[PDB]
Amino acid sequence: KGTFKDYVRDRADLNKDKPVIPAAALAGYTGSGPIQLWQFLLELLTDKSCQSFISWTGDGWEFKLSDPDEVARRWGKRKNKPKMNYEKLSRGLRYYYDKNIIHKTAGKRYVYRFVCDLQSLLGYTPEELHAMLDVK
């Protein structure tokens, strides 16, 4: 039976995984208001504890979805959309291909790549972050 003081202390000592690019903070910076799906993928991609169902392939801003539905799940629980499946999220990607935000690598299945200038936006180089995330 611990107090709030113990609760905070325990949280500071246990759950330790801060994404380098918080989708929320990013929406503020860019002033996009409501969190965007492409901004969310970045947060996950910048959060080690997510390298299970999503990570950088090592080639530039190229990333792959090891477990698509997982990203589709969290995305739903993050935007109060408990009705978010794998397709309702794969439809937003096409919109991203046309607006040239995210693309799909030829000769893959769930491999994608940011084609927008994230270096000038985020301030990080692809290779830089890869290191901060122990990318292999």
Contents of the next structure:
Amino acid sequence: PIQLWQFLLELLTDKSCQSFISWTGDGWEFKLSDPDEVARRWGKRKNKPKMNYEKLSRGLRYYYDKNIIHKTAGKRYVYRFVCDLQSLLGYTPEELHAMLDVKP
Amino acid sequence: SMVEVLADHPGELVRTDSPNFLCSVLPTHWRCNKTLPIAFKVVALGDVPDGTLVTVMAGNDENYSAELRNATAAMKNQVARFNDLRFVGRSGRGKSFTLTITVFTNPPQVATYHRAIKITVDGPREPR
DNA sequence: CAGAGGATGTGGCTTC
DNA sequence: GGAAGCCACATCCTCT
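Moving on from the form deposited without the DNA, kindly provide the form deposited with the DNA bound as a structure.
The complete assembly is shown below, putting the previous chain first.
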């Protein structure tokens, strides 16, 4: 059993995926630069060949209430974890950025 | 009066613990936050002037006071037609909510519909 | 198009 | 073990 936000967190902590999903450099804010690739990989991980960005984002919208992820208004494909990731990862955003050579 | 009204529009009305009011039959088990198949209505046998407000509360041993939606209606020609009433709160495994209907006359009146409806996250569902 | 949210239907899991 | 609950989407869809 894997959840959308956990999956996005995996992609965001693997430097190989930085071409399609990456942190913005601002806190826990991230961007799906290539929404289709994330969707495809999300579809593959759940075994849902038809998965696309329109349905993956519906998944993200349900998180608005659960205070897990919020949208960054005005910036296409940009969201931000609002839960306590530091607590869960044991790293501040600045430390995690550095481990991944995140370019703001 | 009550006998004629129940026969007026047969099968769809049920008795409250109050002799001056009757209400729509509710499904035995329904999905929380889902629209009811039949619009819930409260009928007044005695005289209730139009405009009188009517509300419903739901609750039982697990949930003293359940979250509802559109739980307020206005009497018109002795009928309070709730526009899309909904049950958001859950009533607990194997349990049903008890409805308390309050008709805002002066003085207020209260009619009760015991063990009226079970509300769960899935609602009536096909066997797996 | 992107994005908010409502309405429904499913598979995975946990509780009795 | 199974029925009945809870969850997290997957799918569509209306609207801004």
